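Shown here: the complex without one of its protein chains, the others still in place.
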Amino acid sequence: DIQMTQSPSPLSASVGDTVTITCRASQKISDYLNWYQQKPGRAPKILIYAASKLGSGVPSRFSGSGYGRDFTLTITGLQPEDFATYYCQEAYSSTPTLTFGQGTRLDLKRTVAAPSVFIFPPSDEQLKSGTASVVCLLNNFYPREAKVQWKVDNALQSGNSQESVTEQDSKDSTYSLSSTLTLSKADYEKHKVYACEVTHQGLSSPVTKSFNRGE
Amino acid sequence: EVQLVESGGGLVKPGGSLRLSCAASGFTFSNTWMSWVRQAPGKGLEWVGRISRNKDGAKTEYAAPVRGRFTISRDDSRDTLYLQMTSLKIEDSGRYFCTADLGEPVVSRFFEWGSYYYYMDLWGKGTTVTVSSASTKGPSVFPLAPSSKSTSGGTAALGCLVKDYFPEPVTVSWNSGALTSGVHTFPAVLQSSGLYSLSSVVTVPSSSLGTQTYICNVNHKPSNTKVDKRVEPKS
Partner (left out) sequence: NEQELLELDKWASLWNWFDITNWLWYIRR
């Protein structure tokens, strides 16, 4: 089968800037490629088909090119309305697979801002219920890229935590992340130190915020 | 004008069946190829299957993950496209779009005459499907108490954890709506148990703790439950 790769998820750009989106392909597909967009909460729309052909009603700022295996989508004059996600699609297989690209969101450019790290232990109310939730808060930062690792007694946890991110704020265009570590009361009450190691750009060194269960 | 309207989406248990339908207008449905495309929450687009005109025999071609379980049909008598989903899995949940497709014949190169360029030209608003064994359950709100490990200089952070509820829609405010600056309500997260969970946090100055009273108002209309939780500083 044919896979489709795409540029990093949030690429940053300001109004009136030229941006490009690569769409590497696993197999040679000549020029059987399409490009779509969907605004934050609307139905997707067609932009470019056959790698270069422009769809009816599409502004002329959009331009696609490429053949075989490497493809590009260019938006010369960036306008605010077209701040959305763009997907490239394969259309080469004789037996149709029509695999879509992973997608590429357009991030509003802003001065780099480091996150404010916070951590909240589980409430005694929840502990009585038999479950424990530890949450770690990143607030007001940029860019979106940010990693959060949970450590319990110097032991990295994976698979038992979930993350939730907000969209850019209309006023300052920063993100905010919420990482929740779930754990049983019994398994939570046997370990002491709980750390939230955060790695992000704009941080000279990654910050580690933790707390002792005894304190 | 020219539009596509999907319908029939809703809640269905795993292993069950569900039927979507899309009505078309503004173009000649019978002379048009149709396809379904779904989008799971937070994920990208994924082609489901397509159908051809009756003049071509109504040949249907599907995507592997749904092949054998889903069936596409059309009824030119009422310009309607159907998607009959059976033996549903949790992974089939998402927003199902209907599409009128177009082909562009290959022309430039002779030895590819017959092939074409297929693409999705017209889309509908879509309809959400949700496959879950969960039953309607109200949330359990828990504090996110402010402390020394939740203060940055002269700014403290606190919130409420709305955990284990179903279905999705739940709203959160603060002090009956009085507080709205520096507040962040994160999107709901689906947990391994089939129940949802989100967190609502707010930043305030550390000099207002013990004086200002903070109460988060949680409203989960599906279960018809309202909660007012007062979060207090914890050491």
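All chains are identified by letter, namely A and B, in their written order; residue positions are counted from 1 within each chain.
Methods note: a contact is a pair of C-beta atoms (placed from the backbone, for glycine too) under 8 Å apart; a residue touches a chain by one contact, two chains touch by 3 or more.
In the entire assembly, the chain absent from the figure touches the shown chains B.
The missing chain, though absent from the display, is touched by one residue of B:11, B:12 or B:102; that residue is B:102.
Within the set B:17, B:28, B:86 or B:152, the residue that contacts the chain not displayed is B:28. Although one chain is not displayed, its contacts with subunit B can still be listed: residues 27-33, 52-53, 55-56, 76, 79, 102-107, 110-111, 113-116.
Throughout what follows, only the chains that are shown with their structure count from here on.
For subunit B in complex with subunit A, the residues that touch the partner chain are 35, 37, 44-47, 50, 61, 63-64, 97, 104, 112, 115, 117-121, 123-126, 140, 142-145, 147, 149-150, 152, 155, 157-159, 161, 163, 184, 186-189, 191, 197-199, 201, 203, 234-235. On the subunit A side of its complex with subunit B, the touching residues are 30, 32, 34, 36, 38, 43-46, 49-50, 53, 55, 87, 89, 91, 94-103, 116, 118-123, 125-126, 129, 133, 135, 137, 139, 162-166, 176, 178, 180, 182, 209-211, 215.
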